[PDB]
Amino acid sequence: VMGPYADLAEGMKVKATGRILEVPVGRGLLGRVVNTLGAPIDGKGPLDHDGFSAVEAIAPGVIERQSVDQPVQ
Amino acid sequence: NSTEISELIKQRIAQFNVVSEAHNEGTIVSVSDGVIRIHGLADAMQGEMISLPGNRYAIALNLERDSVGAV
Amino acid sequence: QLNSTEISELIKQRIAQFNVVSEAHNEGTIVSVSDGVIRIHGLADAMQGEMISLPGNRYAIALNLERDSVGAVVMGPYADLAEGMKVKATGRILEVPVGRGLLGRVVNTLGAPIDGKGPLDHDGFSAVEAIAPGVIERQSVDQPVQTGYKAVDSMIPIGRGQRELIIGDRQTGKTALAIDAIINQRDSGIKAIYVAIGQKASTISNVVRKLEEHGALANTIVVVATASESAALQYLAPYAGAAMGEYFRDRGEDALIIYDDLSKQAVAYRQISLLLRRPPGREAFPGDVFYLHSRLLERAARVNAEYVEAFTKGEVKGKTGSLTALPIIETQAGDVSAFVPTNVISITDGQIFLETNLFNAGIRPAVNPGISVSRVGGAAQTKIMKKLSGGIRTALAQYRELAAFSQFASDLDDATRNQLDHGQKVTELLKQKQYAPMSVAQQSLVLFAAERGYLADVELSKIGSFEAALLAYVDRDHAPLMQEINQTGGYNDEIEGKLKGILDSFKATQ
Amino acid sequence: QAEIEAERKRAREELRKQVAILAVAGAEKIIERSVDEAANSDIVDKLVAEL
Amino acid sequence: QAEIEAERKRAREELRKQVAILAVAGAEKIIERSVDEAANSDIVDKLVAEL
Amino acid sequence: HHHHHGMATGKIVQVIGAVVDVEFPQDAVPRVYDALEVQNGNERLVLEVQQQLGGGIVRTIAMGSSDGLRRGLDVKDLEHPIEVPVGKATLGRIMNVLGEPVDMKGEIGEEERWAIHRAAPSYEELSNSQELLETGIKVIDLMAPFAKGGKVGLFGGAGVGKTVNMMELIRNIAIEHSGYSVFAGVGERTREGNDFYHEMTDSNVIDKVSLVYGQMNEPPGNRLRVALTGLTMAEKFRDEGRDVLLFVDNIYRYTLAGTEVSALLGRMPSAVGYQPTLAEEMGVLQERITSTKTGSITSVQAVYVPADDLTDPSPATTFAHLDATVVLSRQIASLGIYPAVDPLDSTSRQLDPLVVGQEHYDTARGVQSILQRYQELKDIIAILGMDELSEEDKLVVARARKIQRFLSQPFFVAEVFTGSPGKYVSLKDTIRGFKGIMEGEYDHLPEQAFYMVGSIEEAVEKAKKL
Amino acid sequence: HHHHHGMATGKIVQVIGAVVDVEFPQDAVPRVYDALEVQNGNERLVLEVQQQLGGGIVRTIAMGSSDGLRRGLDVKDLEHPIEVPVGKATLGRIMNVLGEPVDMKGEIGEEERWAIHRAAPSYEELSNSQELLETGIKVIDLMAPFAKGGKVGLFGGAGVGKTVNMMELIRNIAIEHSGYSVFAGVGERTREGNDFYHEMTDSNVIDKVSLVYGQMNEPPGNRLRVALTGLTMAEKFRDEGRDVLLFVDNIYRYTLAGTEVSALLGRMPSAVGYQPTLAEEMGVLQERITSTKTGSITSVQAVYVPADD
Amino acid sequence: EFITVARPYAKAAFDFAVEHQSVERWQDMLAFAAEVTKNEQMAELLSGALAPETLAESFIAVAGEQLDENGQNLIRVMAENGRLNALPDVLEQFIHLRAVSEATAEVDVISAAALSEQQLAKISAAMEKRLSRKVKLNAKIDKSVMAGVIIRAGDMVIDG
Ligand SMILES: Nc1ncnc2c1ncn2[C@@H]1O[C@H](COP(=O)(O)OP(=O)(O)OP(=O)(O)O)[C@@H](O)[C@H]1O
Ligand SMILES: Nc1ncnc2c1ncn2[C@@H]1O[C@H](COP(=O)(O)OP(=O)(O)O)[C@@H](O)[C@H]1O
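Protein chains in written order, with the numbering used here: chain A, 1 to 73; chain B, 1 to 71; chain C, 1 to 510; chain D, 1 to 51; chain E, 1 to 51; chain F, 1 to 466; chain G, 1 to 309; chain H, 1 to 160.
Hint data in this document are derived by calculation from the structure and do not stem from the laboratory.
The beta-carbon is built from N, C-alpha and C at its ideal position, and this holds for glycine as well.
Among the clues, some could well be false.
[What the hints assert, rightly or not] Cβ-Cβ distance ranges computed for the label pairs, FRET-style:
no., chain 1, residue 1, chain 2, residue 2, range
1, C, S32, H, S116, 31 to 37 Å
2, C, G377, E, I4, 48 to 54 Å
3, C, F125, G, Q130, 34 to 40 Å
4, B, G34, C, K313, 32 to 38 Å
5, H, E1, G, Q130, 53 to 59 Å
6, F, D309, G, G241, 54 to 60 Å
7, H, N85, C, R92, 39 to 45 Å
8, C, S188, G, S129, 29 to 35 Å
9, H, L45, C, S32, 38 to 44 Å
10, C, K313, G, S129, 19 to 25 Å
11, C, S188, H, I151, 42 to 48 Å
So here's chain A without its partners, still in its complex pose:
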């Protein structure tokens, strides 16, 4: 399921998106109000992020890390 399942009915043919999990990446849109699926929840009509970004993720090599003495407030 995605979205308002209840409406729909079967034998609907099929609609395929090669992409998966892609949501606009970028620092452009900061501070805006966002729904889950989309930024759109903002009263702001558009939003600027550099481009769609995907959910699957790979953590970096433990080897490469910064020890961090940044205190936190």
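Given the structure of chain A, go ahead and fit chains B, C, D, E, F, G and H with the ligands onto it with the hints provided.
Only chains B, C, D, E, F, G and H with the ligands this time, still in chain A's reference frame:
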């Protein structure tokens, strides 16, 4: 599975062509401890008592597709 | 060299020539296996339960023949090969070397082979399955056996064949236990095996090391059982080893065996049940235990003569058969019910339990004092053993019960104090060191100690030990004649007197 | 020590048996030549005769 | 124990001599069995030439 | 008996273990239990009935050994779905589960035969009577009344002495006869068995009764069958004698086999992996018990309590179906008490004060009160020790350890276990005990003395020395 | 695993995540331990034991990632499983689970390649001598002895500076002996690891020993798999007739991984949801350690202590 | 490949086949059918659809009308069964079915399988054996019997 007759399959072999006979009384295929898979009495009334050999009548609650049994 | 002769012989066996059969036979193609168990084709009609030859000469365990195909369970390597092969099958299920000729030798449990000598002689195949001997034909057996543990023997007498419970406890010396007691039987008069479930190399090894250390390891034999060993070998094995005793037992001779850690067999056999896919019970358990147990437990006997005449096929003309053996019972966390151990306990004729404190307290003996007992009892206790030895069995509880006193102020005087001291000291006395064989003579000395108490109050604890060592020693010099007595069954009033004079006689000692 | 000597008899004898078994293998390879040599359809015809 | 041991190793070695030596006798026997076993036809000519 | 000629066969359909999967003619039809023969290579074997499966293939059951069987095998059948010879000649020699004479004596027995199925009396049919029995039982005979015909319940798993406490059952049972009765045992141990046989010989009582005895390691199919052996066994007698008495074994095993086979039937277990009809089976078995106007019967019964889980639905059907019963305390046992029964536990429906008069009902009530109390403070002590003991309380407590300690007495036959003998007991003497204890009449009385002790006179002799 | 040319295809039958249904030729398939790889976009992928199933299709799995699936799919079947190129050069050099020189790659040339699946029993094989390990530990060793090739349990914990103990072991191995051993962390907070690498520099002794580390960032198939690796690797050095001892990680992590596998197996778990055979695995593990006749394998382990039940 | 499921279906077959005596004819029907089943582009389509009628009709439709009424009502059974997908297996069964009555075949000894119709085991068999005279062909036999005797042999070597 439920089909299982094979001999009535012989029957049904061509008799899949023709049936159209609703008994009040169908044969009771096989039983366990008073409850029996059975077929017949084509008309159904849910929770109908059903007379037996000897005075006894029985009943089944579950509407069971294509066959049903009771104790 | 010398073996060139052997080559010749092998050429003679090799002269057995050849023939052929079963161009199709049963065969069929084993469809797909997980871990020994295969969708399997062919060979429809076999005698139920047959063993089925396989690559590397493996029989197969197939319990289930569907209306259509069947499936089986391998022993040995699981991953050996790819599926669908044609089927090889043994004539007889449950076929294992028979005769007692070979002895005291390291075999695979399942297989014959182990270090260092695989070569051995077998009178024929044997099968573990058996039917109960005629209850009608049974010999109530007075053959006492001999603990070689000082007071332990006292605690319970040993006739041949009693269901013999030991408890067992982790790290307890349980793996140790007394299993050494075979040395107590230097002259065995019956053969024993022992069984070690999934046992540790180093363990088996050390046992090995010690094995002749005590002396003749050949005298009896036992079978190899390791952690890697598969519930084929593993769940199946103790069961497997059973039919062996049918040598002497079926020769009509008593024979003994120890096995324990059977719990292993349970989840072993349960992993089996996961295969069965059947719902287990508590602790993954089926009731196979009983069957298993019944299968297992039902073995030991002593039997009627004419019974043996049958069993002998009249050959031994009715020589009363017996069978002996020993079990033991793991304690995970010393819980009474322990489900299955409840079940077994139910089966058991007798009970041994251990006391965590004692060896925990370091006490050389730890056995649980009256927490456990042999329901069979002292029927074989020497009329000296029998006669003189009673009080402890009850009185021990007393001191323990008296131990219950929780150390109030001076009270009851000797009723309290005397009893308790006498008890405690008596315990110190009772303590037997590891690796110390007891003497029948010692029993005398033992029973003598207080027949009365000729020494009872004489000395203090340290003095008890010291003086005691003194005691045992002074006697050898003192008397040879006891040998006869030692040879003898004892409990002669006259003997009692000679013992009485000899008895105060040690006053000369210190 | 005596026991050990026995063991040595056992193990040495065993190696002999191994040399014997490997020996058996090589013998079998030569037997592959014994098939390579003196092989006749006639012999097969004898097998046929075993019918 | 060591003392017994050394001689033991020796018995092993001389045994090894009698072993390589007996390899002759073995080659013999194996051939023989190859004939008997062939149970077919006797041709002794071919030389397997095996150690 | 009569041929039993031909009948052809089912062929063995499928090998499921002991479960019989095989297929016979369309016309070939059984009862839910019916008579089928088949020769193994060795011998004729039989697989009891199937419930109902099709294709001339139904399931079936066996007391025999499944292995070494070839598939598709033809299978014979006997007319009489079940036939159980009913003799009175039986009391001489025991028999197989087949009834094959278990003694070495061959026995013609008798032609009259029986079958498993049996049925209960009408509402009005049985007789109800208050006649009761009293004996050397220190308490329970005292602690509880025992009406004639009553079925005594045994509580517990074994190890409780359930065979040895059961052995007490032998004793008192053995103690008093004054009639004809028979009991047997099955799925049970031989040393006991052969012993009861040798001692039975020595006793030479066997004329009065014989009993086939089942063995522990026995195959299940038999084990299942054994009940029918019971019922039919009675049937002759109940007809024959108006009166009977018996005892019952390992009914835990009864449950055990039964459940064991349930899913084997392809059924889902009742809870705790019980068998789904298990209760139905129970109402069957207990239902098998009866005593009639025409004749009544007594017996006492034992099933291994699995593990002292009282919630055991097995134990439920126990109390549920329970008629008489007894209980044992592995603390009391653990207390080293030889008798070791859960006294606080056990109870007699029959006990009536009116029946018992007041003195019984009353006094018993009182002791019960004490128990309540010692139980009651038992906590407070354990917490606090006794240091704070209220005088009165403290006193009672004395009476308490004393009273527990007091119950115990020797038994004549008991000298086996402990060389010490004992004696039969007299109720009135007990009644006295009720007072003097109630009195605490002997104020100086020794505590140690009271245990496993004789009468206030005897304990007075002890008291002299002890 | 294969001496590899061809090795074919199959198709990808049914796929839920790691569940690999796929089918090979009708004729034959390699062992469950035996394994096969398929280049999926960027890379080849090899899935673990198929277990037994039909149509050349059977059930398999991999630690790697499953995205970008394709119904028809083709895997070149590797044959002689698990062959792996260890070399003595490894000490002080780190690789991935694949032997992939995970860290800043030491480039790590290796002449040894062997399946870790190698059994390591032999009857009567190891020496009968029963030597103790001599630690020179003033209390640990003195207060208590140590046996050569012996298994060792761990109690202690955070704030123990166990690494201090370890370093002690480092000076102890070299200092005590030529024999040198390595252990590897798996399923663990990374920072500890890298810090321990730095701590190796500080230690500076790191050369003698090296390991891939699990760090718990990873998929289980990898994880559970790791054991056999170290098995084979030390099996170089004890196989070298060298003798040694390695530390070991949280077992409950390991066995538990067993269950996650069994659910994965779809198989009925053991009780309390253990791996229904998990004992068997322990058979692998504990069974593994031995002081050979010619080598000694000791070790210590700290398992996740679960509530101290 | 339940295929055991065949019987009640498969069984009524021979009987109908017996009763209908079609087995020449019915045999035809089966040939035809397995053919139809084989159709793979069809096969994709074959599990496509829910409505059983639709398939009875369409299947029966392109079929080329080899069908029988007993096989129509009955085919309707298999579809009503819905199990029909796997049907061709029965032919194999049917083979044995047909075979069952009076038939025989042969296993190659070491070469190739005569499949001779010889109903006397080891006799009609023997008749074929003697009947060689087919004694000519090698067809791997020698490697097989020499290697198999050799196999018993090395087997004894192991035994040695
Ligand atoms: N009371 C004792 N006196 C002398 N030695 C003891 C005593 N209790 C235990 N031991 C010793 O324990 C050592 C090994 O005991 P063991 O290995 O059997 O513990 P364990 O029994 O293996 O663990 P488990 O008890 O679970 O089997 C033996 O040397 C044995 O002598
Ligand atoms: N009154 C009693 N005093 C002492 N022991 C008893 C008494 N009643 C039973 N027992 C003990 O019960 C023990 C177990 O024997 P058994 O009856 O088989 O127990 P169970 O049947 O409960 O397994 C016996 O050793 C016996 O000493």
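Going through the hints against the structure:
no. : hint                           : result
1   : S32(C) to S116(H): 31 to 37 Å  : 34 Å, holds
2   : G377(C) to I4(E): 48 to 54 Å   : 51 Å, holds
3   : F125(C) to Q130(G): 34 to 40 Å : 39 Å, holds
4   : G34(B) to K313(C): 32 to 38 Å  : 54 Å, violated
5   : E1(H) to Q130(G): 53 to 59 Å   : 57 Å, holds
6   : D309(F) to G241(G): 54 to 60 Å : 58 Å, holds
7   : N85(H) to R92(C): 39 to 45 Å   : 44 Å, holds
8   : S188(C) to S129(G): 29 to 35 Å : 31 Å, holds
9   : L45(H) to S32(C): 38 to 44 Å   : 31 Å, violated
10  : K313(C) to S129(G): 19 to 25 Å : 51 Å, violated
11  : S188(C) to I151(H): 42 to 48 Å : 45 Å, holds
The structure is inconsistent with the numbered hints 4, 9 and 10, although it conforms to all the rest.
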